Amino acid sequence: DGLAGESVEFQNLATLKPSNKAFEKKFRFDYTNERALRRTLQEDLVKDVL
Amino acid sequence: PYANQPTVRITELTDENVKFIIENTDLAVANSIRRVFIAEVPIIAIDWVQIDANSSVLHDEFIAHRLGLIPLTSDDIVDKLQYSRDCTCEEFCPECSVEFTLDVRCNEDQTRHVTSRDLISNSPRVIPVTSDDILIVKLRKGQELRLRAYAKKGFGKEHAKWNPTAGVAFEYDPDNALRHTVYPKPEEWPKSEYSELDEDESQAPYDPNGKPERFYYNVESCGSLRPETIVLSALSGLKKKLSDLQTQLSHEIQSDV
Amino acid sequence: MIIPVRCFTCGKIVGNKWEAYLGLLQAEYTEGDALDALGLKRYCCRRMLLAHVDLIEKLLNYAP
Amino acid sequence: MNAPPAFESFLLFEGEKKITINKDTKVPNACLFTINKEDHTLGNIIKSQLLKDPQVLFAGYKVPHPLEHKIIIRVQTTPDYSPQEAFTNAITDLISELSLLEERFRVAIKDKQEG
Amino acid sequence: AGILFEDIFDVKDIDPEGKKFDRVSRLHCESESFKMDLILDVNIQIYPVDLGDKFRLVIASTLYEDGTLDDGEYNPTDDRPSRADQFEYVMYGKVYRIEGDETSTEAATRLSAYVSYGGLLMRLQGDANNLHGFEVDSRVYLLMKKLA
Ligand SMILES: [Zn+2]
Ligand SMILES: [Zn+2]
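Residue numbers (the entry's author numbering), protein chains in the order written: chain A, 894 to 943; chain C, 2 to 132, 146 to 271; chain J, 1 to 64; chain K, 1 to 115; chain H, 2 to 149.
There's no promise every hint is true.
[Unchecked claim] One-sided and incomplete, this derived list gives chain K residues near chain H with beta-carbon spacing under 10 angstroms:
id, residue
1, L57
2, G60
3, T78
4, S82
[Said to hold, decoys possible] Label pairs and their calculated CB-CB ranges:
id, chain 1, residue 1, chain 2, residue 2, range
5, A, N905, H, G19, 32 to 38 angstroms
6, H, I47, C, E202, 24 to 30 angstroms
7, K, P4, J, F8, 45 to 51 angstroms
8, H, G68, K, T20, 43 to 49 angstroms
Bear in mind the hints are in silico, worked out from the structure with no lab data behind them.
Where a beta carbon is used, it is the ideal one built from N, C-alpha and C, also for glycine.
Chain A extracted, bound-state conformation:
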């Protein structure tokens, strides 16, 4: 990889383990649901997204 061994850390890949349903649920951005997207984002931002 090209990386010295003194600056690397242990991390967990969040994509390898979850099943297809869970992966799609927790990694696919949704925009049909207006209420949730309005809760997460600001009014201008959700207007732009939709």
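Assemble the complex: chain A is given as a structure, and chains C, J, K and H with the ligands must be docked to it using the hints.
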């Protein structure tokens, strides 16, 4: 002005030890008084041994070491005797040291005990405290020990030979009203000799708004000084150190302005 | 080789108590009572005077 | 070989000063009294006496190394009260304490000896 | 006046899981006015408490009853009349996490406020209408006085 108003009550006073109590005082002040008892009370002890002849089974440094540890009476002369470093003499003089002479030769059949009684001193006020006597060395027939020593003035910070105390028993809060020490099983611990509890109780109830206020002392003298004089010299020495520090602080403040 | 002049721990004088201790032991006193009669209360001094070996007595057997 | 002389624990030879003053720039009205050739004996009492003074906000001491003979006492006081004044007042109060204790001890010794 | 929360609590239980630490005990308490729930770690040597004791929580963001930010420095030489005079157990800490019952769509309806007082932790569950002054990484005071 926030100085304390300490009080003293003396419980026991013999020629060997003094047992007293200090009330209404900081823990730090009492602890520093104990440390001054141990290590900052000047006395007179042998510190310059010159050996002319030594046919004993003990080498010269051993004899010098055992001579240095012999306590010498230092009741009143220690105040009038200056430190050798501060004296104007070249090496040693009567105003800053005491001369001792030992001269023993064994020619009888039985073993001879060179004890502290053989330390002859020119100054009558400074003698070994045992005057059974402290054993310096045993001598077989034909062996002689001839030496001359000089005793300086010093305190315990330099060497343990100048320690006047023989164990300063210091105690405070004999029952854990302050919980400064947490007993895992309080019932197992013996009660302190200054405790004020009945048999059923193991330790006093916790006191959330208490501080160390009463300090029990037991200053046992080796013999160089009377115990009362050890305590008086300790307090005077601590006062003198603080006054010297104040003088230096005043000079520094005036120099910084 | 010889009794120390002072207890190592506290500094109590014990160099003058060896001969008295031996004399007490010769008087059919147990070690504990002999130590108690000599004023050694703290167990440091009792250690000092109980565990001592008088090797100078054997060193004095050789001619000078 | 490298054993220091025993007297260096309490003696100042030519070159050093018993006390020095150093303003602390981290916070206002703070001083770092560096005292040479002393130990916990004069550090603890000074800290405890300073702690009683209600105008002293911080008062601590440290020994940077047990083999080096030097203590550092840090004092920070109220804006309306100099740290040097706090140090001087603490020493004066300690001296008064010790004088009173000495006098009372002498009286108690006299009483016990008399009866 | 900076009073983020105000209520009177009943000590329902003390150390349900056991005496975890000698000087600190965990109180499980339940109010009745707002019907909240307060787990709280309190020092016991300096301030004992018994089962079934009423005490008033006046958790506030400032003791100086003026709204002026204290900034969190110890100032024992202060004369102004702070709120720590009518309460016999005052604590200082940080609100380190705020949980809730949020769904993707619906808003919060039952909030939990977690406050760490230098190690002594507290959880305050209740209706979201009461826990609005609580914010993450906000420094707050906890005030307690027992009621006779
Ligand atoms: Zn001289
Ligand atoms: Zn001993």
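Status of the hints after comparison with the structure:
Evaluation of the K:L57 hint against chain H yields a held restraint, the C-beta minimum of about 7 angstroms falling below 10 angstroms. Checking K:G60 against chain H by beta carbon gives a least distance of about 14 angstroms; that is not within 10 angstroms, so the hint is violated. About 6 angstroms separates the beta-carbon of K:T78 from the nearest beta-carbon of chain H, less than 10 angstroms, and the hint is met. Given hint, K:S82 at the interface with chain H, is violated; its Cβ is 15 angstroms from that chain's nearest Cβ, farther than 10 angstroms.
Between A:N905 and H:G19 the C-beta distance comes to about 34 angstroms, which sits within the given range of 32 to 38 angstroms. For H:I47 paired with C:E202, a C-beta distance near 26 angstroms keeps the hint of 24 to 30 angstroms intact. Against the hinted window of 45 to 51 angstroms, the Cβ-Cβ separation of K:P4 and J:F8 comes to about 22 angstroms, which falls outside the hint. At roughly 45 angstroms, the beta-carbon separation of H:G68 and K:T20 lies within the given 43 to 49 angstroms, and the hint holds.
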